[PDB]
Amino acid sequence: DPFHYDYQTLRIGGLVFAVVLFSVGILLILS
Amino acid sequence: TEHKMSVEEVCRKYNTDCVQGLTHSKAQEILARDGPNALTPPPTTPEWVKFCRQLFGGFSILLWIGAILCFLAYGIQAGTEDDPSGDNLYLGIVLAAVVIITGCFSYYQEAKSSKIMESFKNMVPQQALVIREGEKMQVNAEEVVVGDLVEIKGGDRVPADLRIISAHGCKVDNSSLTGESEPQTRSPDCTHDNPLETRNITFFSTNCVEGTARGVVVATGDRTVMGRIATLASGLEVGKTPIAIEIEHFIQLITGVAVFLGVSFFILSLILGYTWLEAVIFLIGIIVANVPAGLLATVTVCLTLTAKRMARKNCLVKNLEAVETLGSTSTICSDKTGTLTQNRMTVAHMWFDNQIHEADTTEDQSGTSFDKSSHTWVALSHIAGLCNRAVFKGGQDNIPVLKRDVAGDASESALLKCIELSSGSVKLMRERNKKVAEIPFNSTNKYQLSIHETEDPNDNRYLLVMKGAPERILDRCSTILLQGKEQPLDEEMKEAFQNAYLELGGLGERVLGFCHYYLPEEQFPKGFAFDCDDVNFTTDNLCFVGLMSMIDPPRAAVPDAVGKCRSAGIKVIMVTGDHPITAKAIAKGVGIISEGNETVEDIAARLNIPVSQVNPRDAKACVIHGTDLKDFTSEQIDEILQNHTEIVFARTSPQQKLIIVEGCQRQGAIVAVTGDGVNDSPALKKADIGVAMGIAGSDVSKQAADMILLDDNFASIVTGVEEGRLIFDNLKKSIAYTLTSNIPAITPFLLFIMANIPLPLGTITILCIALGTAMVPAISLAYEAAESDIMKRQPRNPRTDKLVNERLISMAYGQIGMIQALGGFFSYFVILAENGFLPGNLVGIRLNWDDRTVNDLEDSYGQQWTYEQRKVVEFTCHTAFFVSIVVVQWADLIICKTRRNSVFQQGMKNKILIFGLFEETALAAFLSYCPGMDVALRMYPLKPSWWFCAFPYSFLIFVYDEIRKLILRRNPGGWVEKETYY
Amino acid sequence: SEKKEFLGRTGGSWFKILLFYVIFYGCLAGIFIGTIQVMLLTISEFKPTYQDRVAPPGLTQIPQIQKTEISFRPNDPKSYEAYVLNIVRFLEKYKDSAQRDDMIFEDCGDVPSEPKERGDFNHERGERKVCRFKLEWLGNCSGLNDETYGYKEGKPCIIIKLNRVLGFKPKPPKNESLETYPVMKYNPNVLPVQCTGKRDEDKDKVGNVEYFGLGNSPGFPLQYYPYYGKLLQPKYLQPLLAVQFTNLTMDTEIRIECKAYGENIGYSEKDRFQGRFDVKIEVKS
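Chain order of the listed sequences is G, A and B. So for the first sequence, PDB author numbering puts the first residue at 28; every next one is plus one. So for the second sequence, PDB author numbering puts the first residue at 32; every next one is plus one. So for the third sequence, PDB author numbering puts the first residue at 19; every next one is plus one.
One chain only, chain G, in its complex shape:
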């Protein structure tokens, strides 16, 4: 299907992934 693949949505998922990992790392170093 030549239509767009989940764009404007995959960016949300990637940003959520990055934020989750950054927060987990900060929590681990702090604690």
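FYI, nobody ran anything at the bench for these hints, they're computed from the structure. By construction, the Cβ of each residue, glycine as well, lies at the ideal position given by its N, Cα and C atoms.
Covered stretches of chain B (in silico footprint by chain A; criterion: 3 or more residues with CB under 8 angstroms from a CB of chain A, positions within the stretch not fixed):
(1) 40 to 54
(2) 77 to 91
Sample of chain A residues facing chain G (criterion: CB under 7 angstroms; computed from the structure):
(3) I945
(4) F946
(5) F949
(6) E950
(7) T952
(8) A953
(9) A956
(10) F957
(11) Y960
(12) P962
(13) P972
Fit chains A and B to the given chain G structure using the hints.
Just chains A and B now, kept in the frame of chain G:
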């Protein structure tokens, strides 16, 4: 030196009048003739050039050369056929910006370290009591000139070098030139042929203790003894530190791997048929991608962390590279007064009742040191309190008893400190019993008497308490006080007393005995006139109570530290300027010389033969007087340093300190000296690292060192040596981890040019992988601990085991880097084939792929692409390569956590390493998913299924290194350990 | 220096290192080849697994020009020899002798017909029959067309094509009185194509644009679509459209851009060759 000259000769030599002094007319004109009376100012500080000498250092040379080459390539490309690609200019600007950014950070961490010493050095007394025209003047010491007679009272510092002509019991505490805590008397007579050890001259900036001495100046300003011995700028500043030598080897012999690899592929482009100008562009590109722009900003931060950690232990470090030089430290050097000993004398032993009650510096009388309940001890304390003529300074009740300055004789100072520690406030005891009469203290009598009453209010029996060495009082003493019962002259008790005495003067100690004879009331009534000049007491017929020992003890933490240093493979050598007996005794007490090791003197005394008769090599430990060093050639010094073992030098002048330090350095060893006085300054300047005390250190040796101990605890030096070994290991591991990410940055361009396939990795992505995700892991690799054998490890040989060797380069460039590049290329093929370009169709397509006009490039399946769409696919392949490199770097770092122990065995106890992994992945995800940046940093989002493409390669590399480490552990000394263990 | 014949080049004997490296690299090549092959096993050979990066196809022009500017002198044949040579080289595939019946090609409706498909993408059917497109449609030059005869009757006829995309059937717009206002155009089976550039600003009506193709409508006939694959439809003949400018002024620099309208055809700012198409024409006398 003109100390042998008579007083009359000196007076005419400097025109000085031996009584009138120097007239005002002569002094005024001669002041400007010979300059002011101050030390020459230190060498000019290049405030603006020092910063520019930090960003041109050993490692920054590579980046500056790399930055210049990048601009050359872009300038070449613009000149030839129009290439809008500024990828060789974007790299060039950011390459230089790394040097400048890290140059400022290095300077800020160094200028601040030099901003503390400014407050350390502040003292401007500048006062003197000189006689001009026969009148005394409290004039400032800055104008003191040669040719006037000066007067010194007690408690003030000297104005300059003097020729003492008239002294009345004047004792001067040098502790800086001769290295003597004991204040020696000053007399107009001659003592030795060496003016340093003479008795009729006084040295610069040596504060007096007691007595008034009149002397004529001889040398003032920069020409005095302190003027020249403390003005040696020597040669180069500590030459090259061990860490800086490793960097110079890491550059000049591992930039060849860039030149060879670049050149070996430069001719390949010519063989293929590329143009002359394009070939050099390939060579410049491949030779500059080999320099990592994440190693200068990691090594500098890695060393900063260690210094910050050592700053918490009050180990102030001057040079940023001075952390490592204490690591290797093949041999160490020390002193005596100031460094090993507290420069103050305290009680050490009290011999009575046929027993030795060794005084304990420990604050609890550890190991049943003395019997504190016996009446003899109480009587000894009372005699000590009465006989003391010193006074504790008021307003000091809030300070530790041993760390408070007092006024009086040094022996009386030790006595007062001991009495205060034992009982309490000595002033109450002193005021309880009123004084009646006193006797003078001088070298002519060598025995001091004192008249005092009794503690009990009733039966005030008159007693003449006395102090003096029993070797001259035994003929003046008849009976003995022993716990109430009196022991007269006999061949048993007196022989036991002599036996106890014998092992008290053999410890380099001046025994000060205690005597007190009770004058009877039948012949000496209450109202008996007491005259100091007249004879009214009984010199003989005295009795003995106890003995005291005034030897200055070594520091509390020095014996354990010296023992750990010796057990750590470091040879400890003692150099000082004291009499050989005291220095040898102090060394034996500290532990510098092993217990039971007999020197050549003891061997000679064993069979009563001259020391020449016994073969020199028989005795391992030897002590050599300083007067033989001037008659010792370089070969003799080398042979004694090599053939023998741990040794002690005595009566060594600072020039001899320089000689021995240079001789020890000549034999391919790294020498660290731990001096504290002013006479150790040249040695600290020349030694590979100079550790100097801060609380009691001098004013010019403190500033001429590399590390300064604020706490003055010697154990900090063994902490520093362990930290140096640990930081060397961590730096090696971090360098390996930074270097292994080079092949996945060179191979893409190689395949893009040689195989003619679309570019797998761009230039901005290389900068991102070098500065954003390979930095925090590289720093965090230096926070880890080492294997449990870091203390017993033999010192590293600075000529066999380097920071970077062929093994590390092979490991980074042949296996690990190849696996990383393979994973990246697999991801690239995956993502360029999921869109239409099958792997078999990519060969020989770069010429049409990069063409702007060709907008109908047919792929494997058949459909055609325009330029922009295929460029978008190429850029998302770039992001895929970046993500794959990050995923592989996960395992790359996990397997680089250790060198021998496996990951499971050592354990992942590092709390910053996991944060490093998670921050790495978070930056990789955010930088490849943030909207609106694909137009600037050129990264497009990728499908979620493409994150997992690099997992098998990470698993494979982790398994491979686990197997390798198991092989290394199971077969020590094998082929794998020989050829792989970097 | 690295000596020889006495003890060896840095010791060595150079067998353990060489053997270890060669076996390690052999194993690495093996695992790489295995990974590539197992990857290849998960993708099809008839349709791509992803097609989103291929936007609505770009309308690239067939005359290949380096500086995207057609500059030539009509008097001198050598000035425009390369252009006509490239055009004839490209169009030699479209000649009537190359197109033949009997499962080599197929007969197709003269009028623009519906985009008839051939079936599924599976391999149960061999090479599906493809349409035909001779050069008889291109013409209107008061004579034979050849490809680029070479006279000065305006300019050498440039002809434009749509980038073939797998399994793609374009949809013409379907409404009344849209933003496009042509003289004659019906919604089905033709994608309207307009050639206007910098109008009312600098062009000021330099020349007249004449399009001739199939069905007299300015567009690509839909009966040719959709593509099925090089492995499935070899020698596929994509529809072509030809344009000619007759009263084009000489010694004048003008910018003309041709674009194709469509419901499913998209336009982009960064991509200057997607959907729309920009070209420069310069003629000197």
